[PDB]
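First, one chain by itself: the form deposited without this ligand, in structure tokens.
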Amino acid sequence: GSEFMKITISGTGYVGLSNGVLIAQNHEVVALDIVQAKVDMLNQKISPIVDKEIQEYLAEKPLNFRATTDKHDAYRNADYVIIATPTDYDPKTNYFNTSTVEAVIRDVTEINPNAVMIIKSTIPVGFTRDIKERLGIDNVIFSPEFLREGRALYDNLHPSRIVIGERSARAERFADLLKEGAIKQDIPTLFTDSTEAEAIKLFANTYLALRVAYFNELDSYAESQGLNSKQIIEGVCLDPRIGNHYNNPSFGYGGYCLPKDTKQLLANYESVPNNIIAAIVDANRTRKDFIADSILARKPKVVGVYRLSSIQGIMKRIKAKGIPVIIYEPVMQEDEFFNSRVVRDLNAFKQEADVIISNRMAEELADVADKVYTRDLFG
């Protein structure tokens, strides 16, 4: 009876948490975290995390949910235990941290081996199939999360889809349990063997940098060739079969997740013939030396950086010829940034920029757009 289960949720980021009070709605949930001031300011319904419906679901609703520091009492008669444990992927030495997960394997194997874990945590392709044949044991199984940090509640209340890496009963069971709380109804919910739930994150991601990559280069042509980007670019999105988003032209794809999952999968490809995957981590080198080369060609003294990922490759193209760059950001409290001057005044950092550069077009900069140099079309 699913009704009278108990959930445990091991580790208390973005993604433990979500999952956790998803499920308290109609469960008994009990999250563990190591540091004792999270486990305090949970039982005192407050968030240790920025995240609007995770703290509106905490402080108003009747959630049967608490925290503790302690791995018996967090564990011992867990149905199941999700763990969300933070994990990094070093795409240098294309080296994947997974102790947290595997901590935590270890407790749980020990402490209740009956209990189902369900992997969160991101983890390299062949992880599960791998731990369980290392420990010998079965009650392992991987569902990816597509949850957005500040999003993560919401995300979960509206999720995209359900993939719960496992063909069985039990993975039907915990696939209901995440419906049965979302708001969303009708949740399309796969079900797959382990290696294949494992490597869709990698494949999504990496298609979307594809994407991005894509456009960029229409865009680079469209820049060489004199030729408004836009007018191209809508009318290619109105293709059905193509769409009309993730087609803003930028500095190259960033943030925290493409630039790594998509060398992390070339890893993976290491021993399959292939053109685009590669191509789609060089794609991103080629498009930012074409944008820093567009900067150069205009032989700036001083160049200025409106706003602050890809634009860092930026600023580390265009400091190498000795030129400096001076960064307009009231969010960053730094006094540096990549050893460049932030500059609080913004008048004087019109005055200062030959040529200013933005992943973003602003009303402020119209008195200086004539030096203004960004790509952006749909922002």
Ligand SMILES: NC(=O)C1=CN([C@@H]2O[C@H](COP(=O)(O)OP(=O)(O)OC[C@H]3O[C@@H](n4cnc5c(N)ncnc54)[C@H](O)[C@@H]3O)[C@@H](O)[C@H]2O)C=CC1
Given for the second form:
Number of protein chains: 2
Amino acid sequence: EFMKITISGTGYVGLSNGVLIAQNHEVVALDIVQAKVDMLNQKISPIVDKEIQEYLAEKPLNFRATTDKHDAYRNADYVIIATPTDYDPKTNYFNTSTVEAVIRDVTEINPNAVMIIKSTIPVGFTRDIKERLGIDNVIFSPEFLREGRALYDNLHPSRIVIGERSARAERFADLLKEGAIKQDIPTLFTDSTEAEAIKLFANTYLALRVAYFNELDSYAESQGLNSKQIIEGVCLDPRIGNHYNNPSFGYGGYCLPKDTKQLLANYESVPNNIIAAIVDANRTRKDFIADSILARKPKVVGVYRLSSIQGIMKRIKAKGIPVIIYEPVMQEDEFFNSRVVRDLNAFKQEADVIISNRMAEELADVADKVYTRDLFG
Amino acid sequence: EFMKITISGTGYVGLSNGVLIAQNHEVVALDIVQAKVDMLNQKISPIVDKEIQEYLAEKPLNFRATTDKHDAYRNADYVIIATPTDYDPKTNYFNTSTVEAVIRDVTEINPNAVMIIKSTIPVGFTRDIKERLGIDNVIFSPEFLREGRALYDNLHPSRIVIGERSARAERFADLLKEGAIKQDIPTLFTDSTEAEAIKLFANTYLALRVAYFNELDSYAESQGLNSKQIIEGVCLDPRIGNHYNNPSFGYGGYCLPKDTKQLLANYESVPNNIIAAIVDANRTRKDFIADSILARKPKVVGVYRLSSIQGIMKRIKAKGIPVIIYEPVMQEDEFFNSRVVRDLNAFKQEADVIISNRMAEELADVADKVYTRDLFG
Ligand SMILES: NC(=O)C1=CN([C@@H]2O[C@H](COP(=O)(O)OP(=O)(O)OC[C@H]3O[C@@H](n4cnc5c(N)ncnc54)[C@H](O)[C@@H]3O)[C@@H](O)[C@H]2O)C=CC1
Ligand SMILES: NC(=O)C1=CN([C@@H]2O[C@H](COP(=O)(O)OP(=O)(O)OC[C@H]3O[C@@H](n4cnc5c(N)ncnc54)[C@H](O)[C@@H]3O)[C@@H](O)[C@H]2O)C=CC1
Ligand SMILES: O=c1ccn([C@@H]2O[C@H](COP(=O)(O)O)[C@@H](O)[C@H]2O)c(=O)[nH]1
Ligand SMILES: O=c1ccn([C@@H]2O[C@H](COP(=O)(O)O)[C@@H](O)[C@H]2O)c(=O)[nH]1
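Let's compare: the form deposited without this ligand is above, so bring in the form deposited with this ligand bound.
What follows is the whole complex; the chain from before opens it.
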């Protein structure tokens, strides 16, 4: 087979999948930003990913880009939708407008193309949109990549999951396996809504794991015990393992805080204690960490690098204690009403306690006033 | 070195450790039950463990037993304490009387022996007892074996943890490594109280993991989704894994229900949400399972095999629905006021719904009225 696969959205997800598949098939990448398309046609990547830029520039890929929807979608066997979406936990609103616009466009231009959604969507999205528009050609397949290793994670994926049990779903899984470097990749075919719930449950388990080791750490600090001794002893049980067990100021990042809340909203009519506790536990852990810091009676707290550390900052400021921030990447001189100190040495002198989620070489000479719960970094 | 190691308590734990060490050193096993000692001296095991009976009967072990404390403890380099203890969650009482009696006896008879406690004790026990009696010769080392594979788990241990950082603790770890079949066993030396908390945190993580996959299963049932599809997709993430993820009526057994509660009691002054939720989650899961069963409006519920299933039974009976029990191992004709039916066929005919924690071959012909959440058994 030599198929045509269109990518809608040339960001980390679209380009990871597109470059992977362009090694063996015809890929046409569609974006709405003409300048990104022009760059791609010059074999220049519009994003930061080593492998994508290396592949685009150095390997023979049957790849091209366009802003023309008709040129992109005509004769496509599959269209991978990788446009932006966003879930807002405060309102429980999942903005899927770009995905719905693409489904609209493909349905109109090429109703025979099979759309594969890689964008994050709410649980039940695909079953519902098919029913609403009265179409059958949409399948969800979760994307497991990490930014910065976008192409790498699809060259060496943990597994491939396609949310339809059919020969056309299997042929799509084959495209992902064919472009990968890793061999005998675990492949799983499920029904739609089930596939859409996988990442929420996987990411929430990771947040649960971090929240648990953080509660173990709260206990160890409270009791004057060596947290590393306990954690290493526990994690030597092969059913538990030595990963994702490094204490911190709370789970953070781009996915976990929102996904745990998104999953909890989905449990609104399902009795549970663990799902709700995962969200509450992070707030409790931040209160514990802030209270530990405040018990040292600092006159100035220094925050070394800026994300769960933001919650610690908020709590310290709520008690009227000034916070100064060391963050080279930030160019402003203020962040949430607190001074950003550009000079590391001045920051070190002024701060009575320096908090940092993870230890860093450059804090070694002031280690005595650094508060971090990092054990394994 | 060729040392003398005394075992106090010849049950699963004492005999596993004693037979292991008797392969290379002089072991004298002490019990209070003369008949168990007499059996041991005839090379007959007083417990059910294949490897222990095989080793006792067929390998050249420098092993003997006695009820004489003086004969047992004199000249011992180490005394492994493996007497019964019990934690009662209702009262938060940990009965360590047998361990304290042995410490008393050893201190009096041979104050130079180094005691290694393998019995389960409360967190902080060893530090406190040393301080109370003004002695230094007591060290806690957790025991990770499973009944039925008692000797096997010490021939192939996950890891060895000794709750003292010293050369004498290391020499004890060496005895455990020397008798084992498994090589390069992970070995960890910690301070006392830290070692004593390891199993509670490890077992509570296992209960948390089961409670989490059970909440995922509650959601799947509630939403009409295929739980196996979701769980397999999630567990293919290598940070999560395909173990301890089989839905059930709640975590049960001999250790998890009590250890989770014991750990929660230890968190009485430590802010947390996850530790308390692990206990509450099991009650919620049992309520969900019972409610699912009751929604089928059965006139008689059959319970196939008797332990979290007991909680389901209690809840069904609380609603006035009769329960019948199929449990060949039980000889009584009543269990908690419910009929025990000896004949499997009569049990099958009468029960409108048959609940079972795990599926079983012999329920195949009535599969249509069996309710089990088992996926991987
Ligand atoms: N970045 C990540 O780590 C992961 C992201 N995802 C999901 O994948 C989707 C895309 O994420 P990214 O690749 O990071 O987005 P991105 O923002 O890096 O790239 C999105 C691209 O879509 C283009 N675009 C916007 N509307 C469009 C339309 N109607 N038609 C064609 N192109 C359009 C944008 O101009 C942009 O180039 C989101 O739903 C995201 O949540 C999934 C797994 C990992
Ligand atoms: N069975 C298990 O799965 C595990 C048990 N443990 C702990 O190890 C300890 C022992 O458990 P088991 O071996 O299963 O007990 P067991 O009940 O099978 O054997 C205990 C032995 O100690 C004897 N004994 C009682 N008082 C004594 C005394 N003052 N001096 C000498 N012997 C005495 C009893 O007669 C009996 O033979 C407990 O603290 C238990 O919680 C730890 C890990 C696993
Ligand atoms: O051992 C760990 C692993 C991860 N995290 C936190 O969980 C979130 C997700 O981490 P990652 O999977 O993006 O690396 C991040 O805030 C990370 O700091 C921890 O606190 N400890
Ligand atoms: O996948 C699993 C693994 C264990 N358990 C439960 O957790 C408790 C401890 O199991 P084990 O570690 O003794 O096998 C038992 O009630 C067991 O049924 C489950 O429900 N699902």
